[PDB]
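2 protein chains.
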Amino acid sequence: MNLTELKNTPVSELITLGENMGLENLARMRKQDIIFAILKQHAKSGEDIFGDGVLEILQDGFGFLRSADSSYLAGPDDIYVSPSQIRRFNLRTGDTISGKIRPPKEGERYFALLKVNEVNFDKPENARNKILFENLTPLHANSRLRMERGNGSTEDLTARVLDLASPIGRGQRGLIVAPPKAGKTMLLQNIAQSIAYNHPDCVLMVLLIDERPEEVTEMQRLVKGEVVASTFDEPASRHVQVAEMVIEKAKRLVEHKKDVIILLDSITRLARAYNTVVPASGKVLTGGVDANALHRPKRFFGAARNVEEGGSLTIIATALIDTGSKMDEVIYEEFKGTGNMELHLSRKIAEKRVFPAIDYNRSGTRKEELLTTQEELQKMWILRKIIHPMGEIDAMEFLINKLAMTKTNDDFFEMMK
Amino acid sequence: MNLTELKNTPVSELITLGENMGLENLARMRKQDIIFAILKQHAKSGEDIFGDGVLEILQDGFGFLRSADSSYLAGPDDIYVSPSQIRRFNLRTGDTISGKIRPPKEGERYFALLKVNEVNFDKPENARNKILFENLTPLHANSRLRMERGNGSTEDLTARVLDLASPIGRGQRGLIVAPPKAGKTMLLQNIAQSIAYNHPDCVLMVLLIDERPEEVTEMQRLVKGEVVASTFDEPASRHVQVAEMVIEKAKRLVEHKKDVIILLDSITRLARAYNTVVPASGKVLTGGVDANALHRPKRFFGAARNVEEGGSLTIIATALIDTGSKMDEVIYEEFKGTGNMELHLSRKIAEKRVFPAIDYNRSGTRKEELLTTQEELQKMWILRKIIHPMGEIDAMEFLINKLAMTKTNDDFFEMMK
RNA sequence: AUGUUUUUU
Ligand SMILES: Nc1ncnc2c1ncn2[C@@H]1O[C@H](COP(=O)(O)OP(=O)(O)O)[C@@H](O)[C@H]1O
Ligand SMILES: Nc1ncnc2c1ncn2[C@@H]1O[C@H](COP(=O)(O)OP(=O)(O)O)[C@@H](O)[C@H]1O
Ligand code: BEF
Ligand code: BEF
Ligand SMILES: [Mg+2]
Ligand SMILES: [Mg+2]
Numbered sequence: 001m002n003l004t005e006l007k008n009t010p011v012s013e014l015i016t017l018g019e020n021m022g023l024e025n026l027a028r029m030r031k032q033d034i035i036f037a038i039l040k041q042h043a044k045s046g047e048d049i050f051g052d053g054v055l056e057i058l059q060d061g062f063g064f065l066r067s068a069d070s071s072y073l074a075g076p077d078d079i080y081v082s083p084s085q086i087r088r089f090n091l092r093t094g095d096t097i098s099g100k101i102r103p104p105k106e107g108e109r110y111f112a113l114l115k116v117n118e119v120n121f122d123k124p125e126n127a128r129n130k131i132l133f134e135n136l137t138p139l140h141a142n143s144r145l146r147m148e149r150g151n152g153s154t155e156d157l158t159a160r161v162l163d164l165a166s167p168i169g170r171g172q173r174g175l176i177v178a179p180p181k182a183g184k185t186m187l188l189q190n191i192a193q194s195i196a197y198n199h200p201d202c203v204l205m206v207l208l209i210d211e212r213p214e215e216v217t218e219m220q221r222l223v224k225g226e227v228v229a230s231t232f233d234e235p236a237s238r239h240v241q242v243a244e245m246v247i248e249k250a251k252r253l254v255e256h257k258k259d260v261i262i263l264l265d266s267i268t269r270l271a272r273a274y275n276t277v278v279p280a281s282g283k284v285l286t287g288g289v290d291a292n293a294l295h296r297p298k299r300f301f302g303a304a305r306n307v308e309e310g311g312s313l314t315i316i317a318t319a320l321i322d323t324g325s326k327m328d329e330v331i332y333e334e335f336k337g338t339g340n341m342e343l344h345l346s347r348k349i350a351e352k353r354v355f356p357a358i359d360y361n362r363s364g365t366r367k368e369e370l371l372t373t374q375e376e377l378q379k380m381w382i383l384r385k386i387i388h389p390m391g392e393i394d395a396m397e398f399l400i401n402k403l404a405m406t407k408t409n410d411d412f413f414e415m416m417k
Numbered sequence: 001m002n003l004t005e006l007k008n009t010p011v012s013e014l015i016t017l018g019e020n021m022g023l024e025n026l027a028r029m030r031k032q033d034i035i036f037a038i039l040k041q042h043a044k045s046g047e048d049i050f051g052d053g054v055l056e057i058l059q060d061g062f063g064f065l066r067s068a069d070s071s072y073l074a075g076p077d078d079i080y081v082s083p084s085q086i087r088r089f090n091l092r093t094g095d096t097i098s099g100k101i102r103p104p105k106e107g108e109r110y111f112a113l114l115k116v117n118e119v120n121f122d123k124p125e126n127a128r129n130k131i132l133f134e135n136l137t138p139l140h141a142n143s144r145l146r147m148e149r150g151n152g153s154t155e156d157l158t159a160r161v162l163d164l165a166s167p168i169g170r171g172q173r174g175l176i177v178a179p180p181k182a183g184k185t186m187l188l189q190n191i192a193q194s195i196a197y198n199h200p201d202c203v204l205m206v207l208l209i210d211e212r213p214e215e216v217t218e219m220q221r222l223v224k225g226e227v228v229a230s231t232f233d234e235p236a237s238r239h240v241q242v243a244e245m246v247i248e249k250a251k252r253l254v255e256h257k258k259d260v261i262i263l264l265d266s267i268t269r270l271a272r273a274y275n276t277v278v279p280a281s282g283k284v285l286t287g288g289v290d291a292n293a294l295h296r297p298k299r300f301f302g303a304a305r306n307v308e309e310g311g312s313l314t315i316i317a318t319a320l321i322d323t324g325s326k327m328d329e330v331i332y333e334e335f336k337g338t339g340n341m342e343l344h345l346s347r348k349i350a351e352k353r354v355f356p357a358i359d360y361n362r363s364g365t366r367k368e369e370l371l372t373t374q375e376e377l378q379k380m381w382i383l384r385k386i387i388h389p390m391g392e393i394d395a396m397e398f399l400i401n402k403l404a405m406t407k408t409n410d411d412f413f414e415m416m417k
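Chains c and d, in that order, give the protein sequences.
Heads up: the first sequence is residues 1 to 417, going by the entry's author numbering.
Heads up: the second sequence is residues 1 to 417, going by the entry's author numbering.
If you're looking for bench data, these hints aren't it; they were derived computationally from the structure.
Cβ atoms here follow ideal geometry from the backbone N, Cα and C, with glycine treated the same way.
Mixed in with the good hints there might be a few duds.
Just so you have them, the derived chain c footprint on chain d, three or more residues with Cβ under 8 Å [as the list claims (entries may be wrong)]:
no. : stretch
1   : 24-33
2   : 104-116
3   : 182-191
4   : 297-307
5   : 320-332
6   : 359-365
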């Protein structure tokens, strides 16, 4: 008796099971209400019920166990967590809790937690003694997260160009700067697919705030990982809540020496949401940005770091420029002094239908020698010195024509000499 | 005895009928008052009266049935809908209701609804069980909505250029960016005529907010569809109300697997109206735009989506640029990074009296391979690569001179090779 | 109202 197991079951089988259990007509009923009635009827027989979810401690002291399939939205099937157990096990926002639950009695509206069985997918004896995320020693990117497929596919050209322009390692904090209508969607899809193919052990999390739902359901059915999104039909409060829950879960996972990867596509939208939810202080800067509005996105971005004791946190955010709004322009570069990695995309190259439209000149990675060998770094330096004199479109055409001849970049580097 | 039937009748016949029924002199009376008196006299004999309209639920709990011929304006002949029936049939704003009505008794001012016969042009048993619009899975444009006439007319050149620049499919969410005095009116008229000619099965709705009455009555007598407009003589409150009613009706139609097409021509004017009706919060951004003013137009724009279960919602809005106001430059923009189709028009080409004055270079459609075949996409790519080096005016002249030689674009593509 | 917008290189 698990909550996620009943959530994954279809509607027809749940209706059939409820009709066999002998309850009210479930055809004219919601799936969540059907599951609730089935759990009630199964607990009336004396059997136990189990559930799971991410903890969201409220300001009063209690909390609930949000579900991932609903993008951490307030649902009727949330498991109530008393503050006594929180104080007894030192629980915090983001801790994954899995234990026995019971249906609400007369006068209650949510399931109660009796005994916790597993904390953060581990024993509670290992979670009671742990080092906080704020005390971990940061470090630079040491492990190399190669994005090249290696299967010789035609779509691998984007990953090869990305590796030649800006290699990505564990704990990297980069930025994907690109004007609208440049190809950010396809680039993010390719990055997510390459991460899921090359490094399936890492925890991939794609955050899409204030996006077109069709794109949400497309990304959810395309990438092999977790997708937490919030369409534009929701207020900025839900955006802030989702961002906080995601970053808290990422911190709790990193605290257990896990490799978390966050592919953010709405850093600008997140900053707009934070500027909308912040109370007015009577002081407005140039472009309509509050003085204390960028602090929360600043911390959300800076949360990414590489841990020496174990694990890492990678955050790749895509910033929006040339959107016609001065607020986004002020945000983007305020954040430019940030992202230890900038991958610029050119609109002029995208208009020529030359995919990918990557600005190789302005791209780059700091401390790239820690992720590449000596000969590889020398070859990349020679390639950059050869590409720099040529124009952007000409350099992109040259790179595409030279990478189409071979499958691996090593052969291209060997033929360049 | 139908309301719309009496509304379509002329004034002279209604006056004659009222004089034959033996009532007060109807020559010095309004047509609506004449219809009201005729309905009263006909109901005094014991016969039944029927009406219809779009439901507009008020904040208190009751509602009225607005009429389409009055642009959903508050009229004396609105049918009152009690909240009891709303609670009994789960009615919402936008549901088309058609049932028996009765004249108001002593102390009443509006017609009452006794029994509902048809809901959303369908049986109530099919409307009681339905999936909300917020739960439908979005998708990209799959079905091709070809705009080419095919009759070899001289006006078909605009549709041919539009198809070669940006093909339109079901569920598309585009933008027509053009400075003033460019030819937006003729272009919108041609688009509406091509939609009514090629795809007469789709529900066409043209929304004109804050425009001149002459243009309104011109569009109403030119296109073959529904025209809901609101001239500048009305406050922004009526603009917001009309936009809400139109989008709610569109959502209710899409919920019944219908293909709705909305040709918006005032996205900038709608954003200005929303910025005017929003209460001041003491925080003004660059250009005079409120922080929470663009949220409602953002949702109105993002409502457009393609449904996998059935139906679609297409919204083609025309944004205004270079109007001398910085608010529109932020308002029209901020919207640039939202849609997935931009059809730019050049003022320099319009000054040369070269119609249509379309910027073929900056135009385009994302995921265009889902609406065109392989050979068609290759021919469009070759045409774009040939047109790109030439200047805007030169490319437009070349395209016009090459399309004037033949009737179909297939012959042009075959002759280009 | 100052900042924002005006405003840019
Ligand atoms: N690698 C690519 N190959 C082919 N087309 C692409 C590629 N990247 C982008 N595009 C085209 O650009 C359009 C928009 O790209 P997108 O990633 O949505 O840009 P952004 O996210 O910056 O708005 C897509 O619909 C696609 O047709
Ligand atoms: N396809 C066309 N053919 C001929 N003249 C046109 C065409 N499109 C626009 N025009 C001219 O431009 C004028 C204004 O066009 P309009 O569509 O009103 O531009 P906008 O809507 O951008 O203000 C029209 O009065 C018309 O004379
Ligand atoms: F319009 Be893109 F997604 F920035
Ligand atoms: F003056 Be146009 F209608 F934009
Ligand atoms: Mg995008
Ligand atoms: Mg116009």
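Comparing the hints with the structure gives:
1. 24-33: Coverage by chain c is violated for the stretch 24-33 of chain d (0 residues, Cβ < 8 Å).
2. 104-116: violated (count 0)
3. 182-191: Three-residue rule not met by the stretch 182-191 of chain d, so violated; n is 0.
4. 297-307: Coverage by chain c holds for the stretch 297-307 of chain d (5 residues, Cβ < 8 Å).
5. 320-332: Three-residue rule met by the stretch 320-332 of chain d, so holds; n is 3.
6. 359-365: holds (count 3)
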